[PDB]
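Here you get one chain, nothing else, as C-alpha cells; it is the form deposited in one PDB entry.
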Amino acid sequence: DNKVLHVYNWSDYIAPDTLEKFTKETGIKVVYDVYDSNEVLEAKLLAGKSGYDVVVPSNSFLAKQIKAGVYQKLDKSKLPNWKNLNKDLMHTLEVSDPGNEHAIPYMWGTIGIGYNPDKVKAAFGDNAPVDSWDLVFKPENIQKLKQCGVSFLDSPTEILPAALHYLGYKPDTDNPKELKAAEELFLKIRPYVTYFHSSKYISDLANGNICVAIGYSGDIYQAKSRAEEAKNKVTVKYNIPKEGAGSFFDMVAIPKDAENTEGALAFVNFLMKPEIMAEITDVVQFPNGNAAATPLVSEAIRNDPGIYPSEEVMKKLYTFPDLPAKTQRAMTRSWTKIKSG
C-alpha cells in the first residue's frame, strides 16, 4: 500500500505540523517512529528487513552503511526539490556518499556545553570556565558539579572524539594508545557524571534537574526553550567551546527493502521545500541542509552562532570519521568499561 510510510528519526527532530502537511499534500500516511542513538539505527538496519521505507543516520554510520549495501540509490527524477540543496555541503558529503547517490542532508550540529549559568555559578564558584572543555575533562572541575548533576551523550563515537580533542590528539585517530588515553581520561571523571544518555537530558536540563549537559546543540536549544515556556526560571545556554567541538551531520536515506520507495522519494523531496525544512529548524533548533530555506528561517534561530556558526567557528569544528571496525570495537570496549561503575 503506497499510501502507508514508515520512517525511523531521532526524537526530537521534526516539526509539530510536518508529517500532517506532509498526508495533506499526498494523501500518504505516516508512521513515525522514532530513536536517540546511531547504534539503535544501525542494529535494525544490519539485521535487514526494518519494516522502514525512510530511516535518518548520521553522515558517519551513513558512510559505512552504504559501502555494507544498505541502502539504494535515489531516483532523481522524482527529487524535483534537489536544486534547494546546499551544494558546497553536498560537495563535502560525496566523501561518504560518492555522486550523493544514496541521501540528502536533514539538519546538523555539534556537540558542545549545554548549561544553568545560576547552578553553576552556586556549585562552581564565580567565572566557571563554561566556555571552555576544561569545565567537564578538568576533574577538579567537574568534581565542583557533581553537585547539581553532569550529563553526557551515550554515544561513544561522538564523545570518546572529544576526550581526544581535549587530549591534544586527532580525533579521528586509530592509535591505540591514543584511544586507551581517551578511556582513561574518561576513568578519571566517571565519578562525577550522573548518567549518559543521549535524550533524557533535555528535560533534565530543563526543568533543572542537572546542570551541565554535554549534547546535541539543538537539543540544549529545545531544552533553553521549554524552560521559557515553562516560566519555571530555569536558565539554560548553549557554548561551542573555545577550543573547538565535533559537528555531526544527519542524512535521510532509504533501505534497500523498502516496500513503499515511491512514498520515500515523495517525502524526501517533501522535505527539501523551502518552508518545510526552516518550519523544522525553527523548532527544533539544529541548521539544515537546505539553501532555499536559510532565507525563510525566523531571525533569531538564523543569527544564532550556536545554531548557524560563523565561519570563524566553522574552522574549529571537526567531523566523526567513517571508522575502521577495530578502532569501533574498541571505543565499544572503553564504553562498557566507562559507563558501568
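Numbering follows the first chain given and starts at 1. Compared with the form deposited in another entry:
- If you assign each C-alpha to whichever superposition fits it better, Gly244 and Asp134 land in the same rigid part between the two forms.
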Second form
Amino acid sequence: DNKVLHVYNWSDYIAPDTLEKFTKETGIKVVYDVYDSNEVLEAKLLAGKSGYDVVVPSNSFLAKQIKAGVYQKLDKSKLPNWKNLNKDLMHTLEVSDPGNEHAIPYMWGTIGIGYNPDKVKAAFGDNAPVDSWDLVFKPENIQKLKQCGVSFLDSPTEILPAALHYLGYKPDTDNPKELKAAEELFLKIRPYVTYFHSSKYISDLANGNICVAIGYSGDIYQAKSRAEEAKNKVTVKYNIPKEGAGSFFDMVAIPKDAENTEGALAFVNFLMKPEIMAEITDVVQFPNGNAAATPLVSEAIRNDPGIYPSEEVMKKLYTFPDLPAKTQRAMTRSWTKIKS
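Next up, the form deposited in another entry, please; the one we just looked at was the form deposited in one PDB entry.
Left out here are the partners and the other molecules; the chain alone remains.
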C-alpha cells in the first residue's frame, strides 16, 4: 500500500484539514503523530529507525541532524512549487542546510522587541527608537525605560548574539575578547533590567507591569492578543529591529530511512501550494516560508509588519549556530555574572 504517508510534526501546527485535501489530491493516507519538543523527535531519528517519511524539526536541530546523515537531499525535480518559497528566508537558511538541500521553512519566528507603545512613550518621551536595538542597548535609553520595566529572555545562547550583532561583531563569533565586549555591554545595562526570564514577561507585557520585553515573537503575540482580550486598555506592539534580528524556522525534512520517499516529496510539494500554507497560517498564525502565499493570508495577519517585516529586514535576519563547547560554557559563565 503506497497510500501510506508517515508524518511527524508539532502539535496543533497544521490546518483544520490540510491532510485531507492532500489525500484527496494524492490518494495518500497520512498517519499523523505530533511531538511536543525537539528532544523527543531527535530521539526517534537517532533510534536507528524513524519509521516516518517526513518530520518538521526546528532548524537548530535540522542542522546537527543534517551533519549526521539523518536526511536525504530533496529531489527538487519533483517539487515544482519550490519557486513559491521565499528566496530571502531560504538564503538566510543556507547556514543550516547548505544549498537548501534538505528541508523548507514551514513556519517561523524571531527574537525581537515586544513593547507597550504608551508606557514607552511616557517613560522615554517623544521618538522612542522603537524600531531599533538602540531602544535597549544604549544605557541612557534603557535607563529611562527602567521606570516602566524591561525584560530579556533568560537565554544567553540567544540573547548574547543580540548584543554581539548590535556591537557589529558576527552574531556567531567565537572570540573571547568579543564575547567579553558583549558581556561588558550587558553589564552597563544590567542595573536597568527588571529581570531575565523566558516566560514571566508574557503576562507582564499584557497586564502592563512592564513596558519593554525582548523575547520570542510568538510569545509577544500571545501577550498582544491576551491584552486586547483583557479589555484593560493595554496595547502590545512588536517590532523586528531595522538592524535585523535572530530568527528560527520549523523545517519540513525527509529522513534518510524514509519508507515512502516518493510520497513524502509529493507531500512537501503540497505544502507549498500558495493557498495551503496561506491557510495553515490563518489558523496557528505564525509566518511561513511561502512568499507567493502571502497575498492570500488574512488581511489582519498579512499586513502586520510585526509578522511580515520590511523584507529589507528579511535580508538582515540571522539563524543561530551550533556552538562549540568552549563558547557554550563561556557564555554560561558570562550570563551567570550578568544576572547577579
